[PDB]
Every structure is written in C-alpha cells, then in structure tokens.
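A protein chain is absent from this complex, but the other protein chains hold their places.
Labels for the chains are A, B and C, by order of writing; each one numbers its residues from 1.
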Amino acid sequence: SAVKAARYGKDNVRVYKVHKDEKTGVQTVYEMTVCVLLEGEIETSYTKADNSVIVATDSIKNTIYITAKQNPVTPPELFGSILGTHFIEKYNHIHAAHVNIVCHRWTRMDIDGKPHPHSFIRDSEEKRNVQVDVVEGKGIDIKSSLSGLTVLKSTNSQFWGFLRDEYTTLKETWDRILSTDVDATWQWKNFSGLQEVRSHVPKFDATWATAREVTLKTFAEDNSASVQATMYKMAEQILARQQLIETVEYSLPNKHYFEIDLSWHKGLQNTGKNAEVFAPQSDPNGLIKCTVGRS
Amino acid sequence: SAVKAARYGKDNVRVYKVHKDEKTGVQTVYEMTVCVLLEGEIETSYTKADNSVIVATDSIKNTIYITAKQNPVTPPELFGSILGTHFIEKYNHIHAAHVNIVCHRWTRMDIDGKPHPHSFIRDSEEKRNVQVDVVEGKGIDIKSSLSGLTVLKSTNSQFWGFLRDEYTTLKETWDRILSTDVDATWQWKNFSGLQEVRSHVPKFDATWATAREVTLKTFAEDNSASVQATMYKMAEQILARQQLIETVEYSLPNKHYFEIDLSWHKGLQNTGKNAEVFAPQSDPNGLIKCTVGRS
Amino acid sequence: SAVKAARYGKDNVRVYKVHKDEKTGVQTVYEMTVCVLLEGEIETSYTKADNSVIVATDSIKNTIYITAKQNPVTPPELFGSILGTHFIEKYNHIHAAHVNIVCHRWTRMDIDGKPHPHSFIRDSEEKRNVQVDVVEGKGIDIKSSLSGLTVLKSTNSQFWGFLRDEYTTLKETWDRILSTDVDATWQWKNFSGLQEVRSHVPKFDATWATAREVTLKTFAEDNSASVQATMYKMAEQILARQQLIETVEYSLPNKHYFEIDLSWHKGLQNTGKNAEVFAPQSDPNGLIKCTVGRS
Partner (left out) sequence: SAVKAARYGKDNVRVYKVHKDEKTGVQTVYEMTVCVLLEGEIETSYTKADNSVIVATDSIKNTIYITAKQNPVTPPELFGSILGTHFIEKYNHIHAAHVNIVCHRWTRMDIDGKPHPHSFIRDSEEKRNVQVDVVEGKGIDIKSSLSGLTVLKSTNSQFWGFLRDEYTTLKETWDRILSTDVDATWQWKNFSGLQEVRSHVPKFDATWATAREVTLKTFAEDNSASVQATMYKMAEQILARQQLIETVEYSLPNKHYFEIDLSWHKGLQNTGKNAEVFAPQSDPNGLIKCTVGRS
C-alpha cells in the first residue's frame, strides 16, 4: 500500500480582531472561523511514524493568531492568501496550503439614527467565505462565496411544462411561493502570487457586494419560470460585471410550502386563488445546482 | 399510583400565512411555529385506555390551520389567545390550553431603495415569541419575549471589585469585550378573557418594539459595571414604559472572548492596552438571570 | 422596581475525569457537562453595581474542577449534592445552589470478546442527567433522568376510539408504527443533607438501571392502546420498585411515520395490510406528558 494523498491541519479556529481608530474613537470588529490544511513531503509521518516532518497542528493554530496580529484580516481573500503563502515560504517540504475562512457578521448598531462607535449586532447567519489554495509553483486559486442568505417571494414564481410520465403527480402551476437558501461561489482567475493578489484588493469587497446585489434584485424581479432559469440569470450578470471571475456556481435548495386543502371543514376555501395558509415543509427539498462560465 | 399532572398536544406545527392587499398589490407574509398542549379531565386515557376523552393531536394540528385561516395571526398574543380560548370553549372536559408561538422574521426587501411588494429576507434568527395559558375560570396569562438577539460591544465594559478567595484566579478588568444572546420576557397582567385581550391589541407590537429598543440602547450606552448591573437598567426602563406589564425577566449568557498572550513569539504585544486579536470561547459561558417587578 | 428573583453562575462546563486502577491496569472515564447557578443576598450587584457580593462565574468554574479532583464524580446525584453543598457552606450570603449535570456515554470497548482496559465508544447520544437543588435550611432535592433514548416498534401499537368531530380527519387504526424519544425523570424524596444522600448512594445507579429497563421492556411488550396508556404503565412500575421516589414524569414525542399511497402508479398496493414503505415525518409531532405520584 502507498499514500496517494494526505493533508492535515487545524479546523474551527475562531478569531476575533478589533481595529481602534485613535482619532475618531470608532472601533471595528472582525470575527472569523479559519481552517488551514497543509500538503507536502509528509508521507513518512503516516508510514514510518516519522514526526520530524510534521508542523504541529497546534503550531498552525499559533500561526493563525500571529498572522492576524501582524496583517489586515480584510478582505478575507487577502488574509487567506497571506496565511497560505506563509506556510509554503516558511517550510521547505510543505508545497500546498488550503485555507478556508468563514466571516461572521458584526454589523454596527444604529442608536437614535446614528452609527455607534463600538456596539454591534449579528444581523443574520449569512456568511461571507473564501477558499484559498496556495500551491508552490502554481500560484494562488481563490474561490469567494456567500452562503446562508435565506429569501422568500410569495408570488411571481411559476412551474409548468415539465416532463409528465407515469412517475409524475406534480400539478403545473402559474403562481407559487419560492424560497431558498442562497449559496453562490465565484472563482477568480489564477493569481501568480501575493503581489498580484494585493494589486486587486479593491475588487474583492466590490465583487462580493455586486454578487449579493445581483442575487437579491434578480430574485425579487424575475417572473421565475423555474429555479434553473432564475439562477442562470443571476450568474450571467455577475460574469458580465467582473472580468476577473472565471466561473460562478449556485447551489439552491427549493424549500417547499404546500397548500392545505381545508374544504373538508365546512367547505372552507384555501387552495389556488383562495390559498392563504400554507404548510412549510422541512424535508425533502429540491436541490438545483449550476456552474456558469465564459463562452 | 395516581396521575398528578398531564398535558398533551401537538408541537412543531409550522404555519405560513399570506395577506394580499388587492388595491396596492402589496403582499405581507407571516411564518410561525406553534405548539398547543391541553389539560383537563383526561386521566382515564392514561389509566384505563379510554381514548374517548382524547382530542387527537392530529385534530389539534387541523385546528391550528383552520384558526389561522379564519383569524388574524398578528399580533401573536391575540392569535394565541384566540387559539387557546377555542379549546376550552369547544370541549367541555378540557379546562386549560397552553399555546407557544415562535415568529420567524420575514423582512420586506428594499430593491433600489424602495420596498418590494412580495419579496422577503430572513434578517437574523432573532425570534419574537409568546406563551399563552388560557385556564377556564382564571382568564388568560400572556408572556411575550424576544430571543436570539446577539450583540457585542468591543469596549465600555468593566468587571472589578468581585469577591476574591482561594478559588479565584480571574483578574479585575476595566476594559473588556461584552457579548451576549438576549432572551427577554415580559409578563402581562392577567386578562379576564378574549374581549380584554382585544381591547389592548395596539399595546402588543408597541411593547415588543419598546423592549427591543431599550435593550439595544442600554447595551450600547451603559458603561457596564457587570452583566447584572446593565440588565437591571434594561428591565427598569421597560417596566416604567408599560404599566400593563407586571414583571420583566432577562436571561443572558456571558460569551467570553479571551486575550491571547503572544509575547513568547518575538516579544509580540497583544494583551491589555495592546490587545487586538482575541480567541472567542465556545464554552463554558456565564449565565446571568434576573426577574424585576414592581415595588 | 425591585428584584423579585435572581440567579447566576456558569453553564456548559465540560469535565472529564479518569480513574486508574494501579493493580489491574484498568482505566474508567467519566465525562459530563455541568451547570451551577447560585442564589442569595446578591440583589445589590444588580441594583447598586456592588460586585462585592459576586462569586465570579470564573471561580465557580474553578470550583467545579477542584471538586471533581477531590471527590468521586459518580453517581452524579452524589457529585451534584457535594458541589451544591459546597457553595452554601462556603459563602455566608449564598443560600441556594442549583446544579445540573449531563453525563455522556463512554462505554468500554469489547475487542475479540474481551473488555479493553482503556478504550471507549460513544454508543448513542442517550444521556443520564441530574438536577440538584441545595437550599439552605431545606435540604437537597434531587431529580434524576434519562433522555435521548430513541426507540421504535413496527407493530403492536393501536389508536382508535378517540373523539371525532368536525375538526377530525385522523382515521382509526389497529396497527401502526410507534416511535419516540424517551425523556423520563424521577424525583427523590427530599434529603436532609449530604449525610443522608451518602447513605442512599447504592440506590442511585440501581434506580437508573431499573427506570431504563422498565421503559424498554414495557415499550417492547405493551400492545399499546395509546402513548398515554403505555407511558402510565411505565411510571406505575418504577414507583412500585423504589419507595424513595415520589413522582415519575415522562415526556414523549410521537414521531409519526405516514403510509404512502402508491396506487396511482400501476395500482401498486402500499397501504393497510400491504404497507411496506413509509415516510418518516420530521414535524409536526405529538407531545404527550404525564406526572405519576403515589395515591
């Protein structure tokens, strides 16, 4: 037997950083959860009990805190690239670093219509994520994403004209509820190294904001023919607005809300045009994915 | 042996309701999770296998949908009271109904600075809850609450002057992070029945909004001497603003963020005034509770 | 305004303890999660910012580890009583301690049919719990419980003869699946203090084992007329086997498995006597409770 692939590191490292502006007194907080996994010439730790090749996962944890102390932690694409590059430059036998970062929302509070200098609220479990793979001699590959964005529209969604055979019971509809949790990922063109990542720093926050805005606007305005059709429109717009993205991937659950027939009870009308009360379904759920790239 | 207490019913009943304004085209959605438990002369179902006394839990589920179809579902204090009263009026041998409602946020989306007519976002897992106990011959007791409101302030929290003995290692501090998940409950004076609950309907939403606002403002502005001291100030203000509340209860975790000493690494300074990077702690956590009532 | 009730302390304190038999080489592990909340003359910490009355929650955490170091941690009823008594004896102004303990399963592994000396498996998320309230001048009240015991029987459950009215759609049945997560609590007679708790130590593990065995046997053997009828039989037997228990409480979800009518597809028969494939329902669920005490 032989080691075909191996990676190891530290997962679930929670980090908080505060920035204090001495002039204005305004404080800004960042909180993230970080995972770092390494690859390289480490087979002998598995096959021969040779620990000499292991950078201890506890040391990786230390490195994350130290790196956050000495560098900006925003945008996460830059922080992840700094962190990944560190390991391949510092350790001769480590040849790849894989860095995953989940950014948690801490939104500045408005008290009496003005921004508070040092108080924050978690407005939703929506996350902004990055995956950074730093591979020696092959540059830096970055995938950025938003996830946990939960939306619903109560009309202007349709689903008709699908294949009907002996396995089909689903009725066609011209008016339904559509609700989903959005997971959207955009993959950047490969960067040659940290200098190139630094040169594009302004594009990271801007593209995240664009992806979010396009998602919300298209969802709200599209008279949706299907999840498939609507998500494609989203991806197409993002690719058109940022030339440095190669692909956009969406993964969307279709969270069903079922009509409840109440006609058995005193002829009560609660279906079709008369539908007011619905039963949200916890499971099963549709799952629809697509990856859109350039012609 | 004898039955000392018994209650039974349906839990986790998810309900969605939509309201459609025909004039404006504006739609508004409500989504809740409902639990209804009944008490009464039902001992024989336990002791003698006499099912004749059981209103099936499946029927309770049906009743929830039917009631939501025929009545407004907002404010939840009113809907819960209607639902509870139904069971004690309909069934001779049922003498109490306990109704718990969790309201989930569906916040109207703003697209291009204007409110969208039928698209919504889940902005946070914060909930608005009610517990309604309708007891035959004793009226209606309502406890209203908000929960899952997660906040953090990065300074203006202190904790010093606590008891120090041979079990104490905690250092006094004049500047720390304070973060909590707020659970706040206000208990209404007993209402004689549904007519009285209806007469106070405007106070329910208004008091919820006040409780939320007082919580946020006090948290952000108090130079906090302890969780205990700050939460007391919150409760005091709520009681002063709404005479129909008898008690306010807060239950607050103290979610710790620990300094990380980095001085072992090249003398790096990251404690006290130099603290920038912290380690959020998942567990253990302080838990601080208090119930405040009138003199 | 005035403080009507207050309690504070440390929640979610994870503790592991190992016992090493030097003779046999056999090791035994215990793992628990502990919560301790205190009450007493502490109002001024809320109302006057007087921290002098506060035993820091961090010190409570320390005390839990120290107490576990110096005392046995099993049975949990004894450990919780020692821990609670400590606070009321040590601190003049503290007059009640509330201790909750969740014990996690670490079951010794059998390798090649023999018990391994130091390797363990988590066989299920079933927990054994205690709640201990130590109140100065009123002794020690202990509630013991098991929770998270998930069972299913595929036949020998019935449900017919329930009330039928205009809210009822549920069909009577003489053969259904019954599945539940068992939560069972037995409340001990009040103990005068630690000496009395010590004198009954052998009864704690024995009663837990009896409660578990009665639950499983009765569930498996009862031709159940309802959840209500079956749970009553369980509680009755536990009370008969241990005179020092005053009350037994069960709280049981009814986790529904629905028939699936497949007759629309080529006349396929999958209901009543022909039912083979079912759809487990995540929600809603029946919830049935009862407290049984002595005549």
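Just so it is clear, a residue touches a chain if its C-beta (ideal position, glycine included) is under 8 Å from a C-beta of that chain, and two chains touch if they have at least 3 such contacts.
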| said: Given that one chain is not shown, which residue among C:52, C:92 or C:156 touches it? | reply: C:156
| said: Tell me which of A:25, A:193 or A:284 is the one touching the absent chain. | reply: A:284
| message | Which parts of subunit A face the unshown chain closely enough to count as touching? | response | 1-14, 35, 37, 42, 45-47, 49-59, 61-63, 66, 91, 159-163, 165, 167-170, 225-229, 231-232, 235-236, 239-240, 247, 253-254, 283-295
| task | Against the chain that's been left off, what residues of subunit B make contact? List them. | result | 166-167, 169, 264-266, 282-283
| request: State which residues belonging to subunit C touch the missing partner chain. | output: 14-19, 27, 29, 31, 62, 65-66, 68-69, 106, 109, 111-112, 116, 118-125, 149-156, 177, 216-217, 219-221, 257, 260, 262, 265, 268, 270, 275-280, 282
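Operating definition for what follows: only the chains that are shown with their structure count from here on.
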| remark: Chain with Cα centroid nearest the overall Cα mean is chain B
| note | So, in whole Å, the Cα centroid of subunit A is separated from that of subunit C by 38
| request: Provide the C-alpha centroid distance between subunit A and subunit B, rounded to the nearest whole angstrom. | output: 30
| For subunit C, residues that touch 2 or more chains besides their own | 167, 169, 283
